[PDB]
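Undergrad: Single-letter residue listing:
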Amino acid sequence: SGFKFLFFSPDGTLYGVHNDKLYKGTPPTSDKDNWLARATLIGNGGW
Amino acid sequence: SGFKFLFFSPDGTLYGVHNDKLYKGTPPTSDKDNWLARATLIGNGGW
Amino acid sequence: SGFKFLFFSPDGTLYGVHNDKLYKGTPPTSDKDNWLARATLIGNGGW
Amino acid sequence: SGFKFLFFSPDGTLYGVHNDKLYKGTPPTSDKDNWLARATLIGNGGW
Amino acid sequence: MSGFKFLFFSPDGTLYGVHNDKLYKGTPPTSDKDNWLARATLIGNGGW
Ligand SMILES: CC(=O)N[C@@H]1[C@@H](O)[C@H](O)[C@@H](CO)O[C@@H]1O
Ligand SMILES: CC(=O)N[C@@H]1[C@@H](O)[C@H](O)[C@@H](CO)O[C@@H]1O
Ligand SMILES: CC(=O)N[C@@H]1[C@@H](O)[C@H](O)[C@@H](CO)O[C@@H]1O
Ligand SMILES: CC(=O)N[C@@H]1[C@@H](O)[C@H](O)[C@@H](CO)O[C@@H]1O
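Each protein sequence line maps, in turn, to chains A, B, C, E and D. Under PDB author numbering, the first residue of the first sequence carries the number 2, and numbering increases by one thereafter. Under PDB author numbering, the first residue of the second sequence carries the number 2, and numbering increases by one thereafter. Under PDB author numbering, the first residue of the third sequence carries the number 2, and numbering increases by one thereafter. Under PDB author numbering, the first residue of the fourth sequence carries the number 2, and numbering increases by one thereafter. Under PDB author numbering, the first residue of the fifth sequence carries the number 1, and numbering increases by one thereafter.
Don't take each hint at face value.
Straight-line Cα separation of at most 16 Å, EDC-like style, residue types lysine to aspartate or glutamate; simulated pairs [to be verified]:
| hint | chain 1 | residue 1 | chain 2 | residue 2 |
| --- | --- | --- | --- | --- |
| 1 | B | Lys22 | A | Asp32 |
| 2 | A | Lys25 | E | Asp21 |
| 3 | A | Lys25 | E | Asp34 |
| 4 | B | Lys22 | A | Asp34 |
Don't read these hints as lab results, they were simulated from the structure.
So that you can see chain A by itself, here it is in the shape it has in the complex:
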């Protein structure tokens, strides 16, 4: 459904695997902060 992995890098950046893709970005600060919309895609498949 949602994320397969969700975890932090030691610099404070949030990482997530969603639909076999890897994303990173600063963690959301409120429910009005759409994280996936602004996260950087860093893995297109295989995760």
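Since the structure of chain A is provided, determine the placement of chains B, C, E and D with the ligands on it from the hints.
TA: Here is chains B, C, E and D with the ligands on its own, set in the frame of chain A:
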């Protein structure tokens, strides 16, 4: 039932995914601490 | 009978979810250290 | 397929377990960055 | 269940892992020849 993810950011904040929602807050100090009630909701759905 | 989550806080404390309860304590240093018996309960239920 | 574990060390190295094998490397920086292709194999079996 | 159950770092850079209900720690492996479970410190036996 319980949490899907439960993990720390490097600044010491506890993060958790519960019923597809993302929460954060200082970790509970004791079993008198209703963490889910006081945690900040930072994502509603999709986690 | 085992743990659902087992992870570190950035200050070096070990956290664990066991039997729906959340526990914390310094990590064990030898197999003679019964960690769960000495760990601090910081959440009863919902984890 | 996919990863079983995917997590950071405090020095910023990404680690991953894929098909019983353990890999490490600097995290991928764009969707053109094939992480598993350049990651260092540090465990063949047992993970 | 197969392989490890948990595999994760402490903030001082030590690798921890749960394997066959036992908890192990050690410096992370350095190559595909490094037999980690043979050299890792057993710090918990049962219940993990
Ligand atoms: C996985 C993800 O980025 N989810 C967010 C959700 O948390 C947030 O509340 C919503 C606001 O419209 O946007 C997205 O759905
Ligand atoms: C997930 C969560 O926040 N659980 C807590 C539990 O840890 C705590 O013991 C109780 C106190 O009344 O409140 C909540 O149930
Ligand atoms: C879990 C574990 O320690 N696995 C290692 C494996 O990574 C390594 O390639 C092999 C070398 O002989 O020894 C062990 O099987
Ligand atoms: C989860 C937990 O605390 N397990 C410990 C185990 O690690 C240790 O080897 C044993 C004997 O001291 O006591 C407990 O079973």
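Undergrad: Each of the hints needs a verdict: does it hold here or not?
TA: Here is how each hint holds up against the structure:
no.	hint	verdict
1	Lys22(B) - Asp32(A)	holds, 9 Å
2	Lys25(A) - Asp21(E)	violated, 25 Å
3	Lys25(A) - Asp34(E)	holds, 14 Å
4	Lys22(B) - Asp34(A)	holds, 13 Å
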